[PDB]
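Given next, in structure tokens, is a single chain: the form solved without pyrazine-2-carboxylic acid.
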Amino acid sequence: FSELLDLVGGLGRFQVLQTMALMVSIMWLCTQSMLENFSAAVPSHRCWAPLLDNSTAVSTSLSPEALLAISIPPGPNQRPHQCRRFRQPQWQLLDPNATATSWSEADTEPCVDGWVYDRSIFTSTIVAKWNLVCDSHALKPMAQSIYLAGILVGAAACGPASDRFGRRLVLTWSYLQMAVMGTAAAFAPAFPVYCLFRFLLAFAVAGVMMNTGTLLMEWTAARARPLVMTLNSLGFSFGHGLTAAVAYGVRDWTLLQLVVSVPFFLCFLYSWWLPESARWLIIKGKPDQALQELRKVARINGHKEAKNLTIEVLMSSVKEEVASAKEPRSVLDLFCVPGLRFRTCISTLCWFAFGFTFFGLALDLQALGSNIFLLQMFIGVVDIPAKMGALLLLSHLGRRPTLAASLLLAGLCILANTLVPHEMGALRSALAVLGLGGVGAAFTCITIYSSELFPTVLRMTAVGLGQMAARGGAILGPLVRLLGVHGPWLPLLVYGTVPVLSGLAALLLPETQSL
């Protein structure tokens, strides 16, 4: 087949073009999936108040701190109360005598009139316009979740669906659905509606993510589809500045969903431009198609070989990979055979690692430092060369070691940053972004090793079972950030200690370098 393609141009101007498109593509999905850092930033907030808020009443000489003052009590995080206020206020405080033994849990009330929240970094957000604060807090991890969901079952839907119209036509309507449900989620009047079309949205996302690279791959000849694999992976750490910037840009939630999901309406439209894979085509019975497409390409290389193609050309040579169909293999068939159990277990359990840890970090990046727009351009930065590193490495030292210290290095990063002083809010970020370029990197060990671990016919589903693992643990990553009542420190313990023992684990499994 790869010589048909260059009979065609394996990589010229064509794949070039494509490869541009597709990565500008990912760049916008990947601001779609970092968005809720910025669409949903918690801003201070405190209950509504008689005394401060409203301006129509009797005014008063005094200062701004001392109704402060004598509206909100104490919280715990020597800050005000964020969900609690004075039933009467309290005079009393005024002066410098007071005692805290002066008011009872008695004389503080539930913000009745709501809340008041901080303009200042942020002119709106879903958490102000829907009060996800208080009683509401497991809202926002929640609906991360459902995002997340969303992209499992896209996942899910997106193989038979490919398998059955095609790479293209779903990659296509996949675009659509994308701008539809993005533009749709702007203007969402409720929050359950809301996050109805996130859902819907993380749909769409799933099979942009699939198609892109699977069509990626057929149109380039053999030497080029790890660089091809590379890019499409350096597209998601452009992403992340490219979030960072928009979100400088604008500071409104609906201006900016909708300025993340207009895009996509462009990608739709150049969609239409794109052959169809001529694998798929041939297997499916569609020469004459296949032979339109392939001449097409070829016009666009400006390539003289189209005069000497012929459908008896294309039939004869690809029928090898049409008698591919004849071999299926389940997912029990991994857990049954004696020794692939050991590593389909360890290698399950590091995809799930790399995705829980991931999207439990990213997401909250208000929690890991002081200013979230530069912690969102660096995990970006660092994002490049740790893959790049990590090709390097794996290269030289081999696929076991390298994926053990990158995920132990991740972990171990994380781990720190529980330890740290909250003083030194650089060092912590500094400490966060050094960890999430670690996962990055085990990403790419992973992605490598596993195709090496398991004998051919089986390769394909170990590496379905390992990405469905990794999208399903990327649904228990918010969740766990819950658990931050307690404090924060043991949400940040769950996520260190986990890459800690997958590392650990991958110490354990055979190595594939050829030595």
The other form holds:
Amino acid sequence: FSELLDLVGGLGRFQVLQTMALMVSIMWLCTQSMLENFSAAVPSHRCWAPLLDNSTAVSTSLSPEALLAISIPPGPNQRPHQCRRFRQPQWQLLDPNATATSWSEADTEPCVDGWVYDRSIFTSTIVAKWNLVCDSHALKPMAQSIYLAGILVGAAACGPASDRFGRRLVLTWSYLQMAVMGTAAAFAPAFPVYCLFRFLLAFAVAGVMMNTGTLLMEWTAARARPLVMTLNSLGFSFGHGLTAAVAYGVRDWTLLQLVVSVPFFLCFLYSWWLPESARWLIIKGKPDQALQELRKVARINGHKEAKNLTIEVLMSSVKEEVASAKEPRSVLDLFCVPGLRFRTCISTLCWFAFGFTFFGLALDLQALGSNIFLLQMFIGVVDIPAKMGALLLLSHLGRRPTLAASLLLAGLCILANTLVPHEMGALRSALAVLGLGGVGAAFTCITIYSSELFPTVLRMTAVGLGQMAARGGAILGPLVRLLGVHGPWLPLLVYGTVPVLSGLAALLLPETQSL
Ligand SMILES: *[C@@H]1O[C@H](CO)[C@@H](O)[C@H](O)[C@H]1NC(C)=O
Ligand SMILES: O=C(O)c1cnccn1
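Switch from the form solved without pyrazine-2-carboxylic acid to the form deposited with pyrazine-2-carboxylic acid bound and give that structure.
Let us now look at the entire complex, which starts with that chain.
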């Protein structure tokens, strides 16, 4: 194909503008995924109680700090209980002689009148709107899991649809669906409806990602292709900083979810001016339209050789692409061939480790450290040098030790976070940030390495299985957080163990750098 691109400008003004236009959309797309650190933050809470919250009653001579101790019992973390209140105010508990043995646990009752939430950091969040606390605590990670499951299902649908209807068309309607479903999720009347709209938003997020990457590749000359996928990878890195920047200014969840969605109407609008993939048009038998796209790109690049092209030139020069239809393959082929079972298992395990660990940890930063805004910023700031250093080491040391050391770095940082005492919030934050940096570096490695471990006809099927396995593991990410009831160290132990074991397994893969 690339000879046509060289006649048209294989890197130039058009590809520069296209890369910029698609990177901006990827930034906003990243914010959509990261939003529920802020849209679904858990403000500290207690039961509603008459002496504290019905100020219209007879006036109080005591201070709130005394009334709270008189009204809400102490909880396990030596702080006011989040799910119980005294059935009758415990005036006896104010005296200096008093003890916790002065009341029976049967003297408490659950929050019949509902909860009161701390408004000092966030004005509102879905947790506070629909009382996703106490017996309902499981509903937050369920919502996160439903979003990630939407991404899995949308990716499964995108492939067939993209090959039938074209890269640009599916990208266009994906942008529209993101705008519409995000706006709808901002105004959901009930929690089931919020879940439905977040699922349908995720369904489109998958389409945007896949077709962004594909439509960059099918318009970029090979000499510049590694660079462009590196830039596509940094779009998400800037998205993390953008999430921190927007969420710092917009403390109200409806307004936040609306503000990050509105941009996709603009993305939808300018996706109509992008040219459709010429490879796809020729493969599907429409060289007359492909000629129009090619001459359009040549005009954008200010070129002069555009006069030379005709549909016969296209059909003659793109034969090498047209021939690709003759050799179909399937996922079972990866496991039936005895020499490839081993590679497939270990590689898929690495993909799974990336997805599971990242969307396990990155979606509860409120638990990993002291300040969520700086945490969300720094998992973007550190992700950039992690990725660049990964590329350098992946060139100098080879694929095998770089992937192994990256995953082991991630795992050992996350596991160390179970040892560091709770008082050292700064160090706990730093170790979490470094762990997520290692996971990003490992993503950079496994993307490339999975493209080299396999023979050329199975290459695409193997990368497909890998990315689908990452999508699948991400669903289990949030659900494993429910183990925290047995101790906050246990989810960290799981999130840390998975990358360690997969990193050790990666040492068994063959090195694919030629020397
Ligand atoms: C609040 O106190 C007023 C005092 O007159 C009382 O009439 C009202 O029923 C109380 N409401 C609640 C919810 O306790
Ligand atoms: O690893 C992936 O490809 C993934 C998983 N869940 C959500 C987004 N991306």
